[PDB]
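Colleague: Based on these hints, arrange chain B with the ligands on the given structure of chain A.
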Amino acid sequence: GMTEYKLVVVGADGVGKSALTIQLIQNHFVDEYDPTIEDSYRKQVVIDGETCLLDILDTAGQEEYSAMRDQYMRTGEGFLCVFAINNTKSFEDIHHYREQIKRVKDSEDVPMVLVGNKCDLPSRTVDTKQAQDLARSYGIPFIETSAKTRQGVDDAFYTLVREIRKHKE
Amino acid sequence: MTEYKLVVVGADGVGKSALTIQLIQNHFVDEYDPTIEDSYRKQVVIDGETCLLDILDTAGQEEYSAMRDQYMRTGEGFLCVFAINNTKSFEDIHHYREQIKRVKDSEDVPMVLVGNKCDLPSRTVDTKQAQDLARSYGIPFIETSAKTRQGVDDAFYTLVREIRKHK
Ligand SMILES: O=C1N[C@H](c2c(CNCCCCCCNCc3[nH]c4ccccc4c3[C@H]3NC(=O)c4ccc(O)cc43)[nH]c3ccccc23)c2cc(O)ccc21
Ligand SMILES: Nc1nc2c(ncn2[C@@H]2O[C@H](COP(=O)(O)OP(=O)(O)CP(=O)(O)O)[C@@H](O)[C@H]2O)c(=O)[nH]1
Ligand SMILES: Nc1nc2c(ncn2[C@@H]2O[C@H](COP(=O)(O)OP(=O)(O)CP(=O)(O)O)[C@@H](O)[C@H]2O)c(=O)[nH]1
Ligand SMILES: [Mg+2]
Ligand SMILES: [Mg+2]
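Taken in sequence, the protein lines are chains A and B. Every letter in the first sequence is one number past the one before it in the deposited numbering, and letter 110, counting from 1, is 109. Every letter in the second sequence is one number past the one before it in the deposited numbering, and letter 1, counting from 1, is 1.
Derived from the structure by calculation, the hints contain no laboratory data. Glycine included, every Cβ here is placed at the ideal spot set by N, Cα and C. Please note that the accuracy of each hint is not assured.
To be verified - Some, not all, of what chain B presents toward chain A, calculated at C-beta under 7 Å:
#1 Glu37
#2 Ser39
#3 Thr148
#4 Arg149
#5 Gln150
#6 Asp154
Next up, chain A with everything else stripped away, as it sits in the complex:
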């Protein structure tokens, strides 16, 4: 009936990790840029008729983290790997997050969703096709999101829960 899920939101500086989480939890867009150290949020949601208690870890994008990172990558059940569609460097950084999660988990089969955030902006530098091809090579879903409009936000989190559910079964 009731199941807890530990979700981890990872990605480079300013991709919108906090804004995506705050949209899901508080139903509003944060226009401010306030760097995260580490925050966690709970949310009880119904996904495919099942009562899920989400425990979401919102991580720091700030580079030079071999600190606290391995522990949450070990504890986390599923990962949202976020890049911003107008930030090519954040997309190139996905390889590093994916590889480190796989290394810490000691598995090639880790519940994960590739998230292309800021899809409300007409300043795209990363094509949907290139990100779709990367997710296909990883064997993971790819979802374009906007923390501003809330487009794809529920889809990204719910898809990740569905991926965790499949892994356990």
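Modeller: Here is chain B with the ligands on its own, set in the frame of chain A:
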């Protein structure tokens, strides 16, 4: 690429148009403008599949239901919408469900029960009562808000998944 014909039904002022406009245009319509009949196309990716949604936004008023049996036969899936602060709109769900089943000549019709206006603290219809009704119908129940966009994609995507299973 797959086309999906979706029909949004429900009583007067439940937010059928606002839910659709939020999905198609990513904005909330504050104004109340009664619908006669409108349709919208939207290309979306659902579970890796490119879907072309053809959404029919219907009238909540009886006066504009001349196409009702025809769109209930043509429609592949139905969003049956009530407003959580309108008990009469929840009681009206029985009529929409029964007419869809009658026109389709089947008890197995892709359908999602939608409890809209969940952003309002003026609820008159409990989540449990609506969950129990959806359970008795054997259909999913999703609470939505066209204002915040909470549950909107979940409601439309769930309906596409229900159609996909039926097919
Ligand atoms: O399933 C049920 N849960 C309910 C329940 C609760 C309430 N729980 C509320 C969550 C509170 C988490 C708050 C810290 N959670 C913070 C958090 N969220 C994360 C998400 C991903 C990864 C790590 C974390 C972490 C951190 N935890 C780590 O180990 C860690 C490592 C490195 C890091 O850097 C960060 C972290 N308490 C219970 C005690 C006994 C039995 C049941 C329960 C319950 C009641 C019930 O009637 C029936 C069923 C249930
Ligand atoms: N237009 C637009 N802006 C966004 C979106 N998501 C986040 N932003 C903006 O980007 C900036 C950074 O967002 P934030 O959510 O703090 O990113 P972050 O990845 O958590 C930053 P850190 O890694 O230091 O914790 C903010 O000004 C925020 O308003 C989006 O989907 N669209
Ligand atoms: N607070 C809140 N208001 C809503 C929501 N959805 C619709 N409304 C409001 O309800 C009113 C009617 O919405 P509308 O989308 O026209 O409803 P409708 O069911 O299409 C009306 P008709 O049946 O005549 O076509 C509008 O004022 C609109 O702003 C919601 O989720 N939350
Ligand atoms: Mg942050
Ligand atoms: Mg209308």
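Colleague: Broken hints, numbered, in rising order?
Modeller: 1, 2
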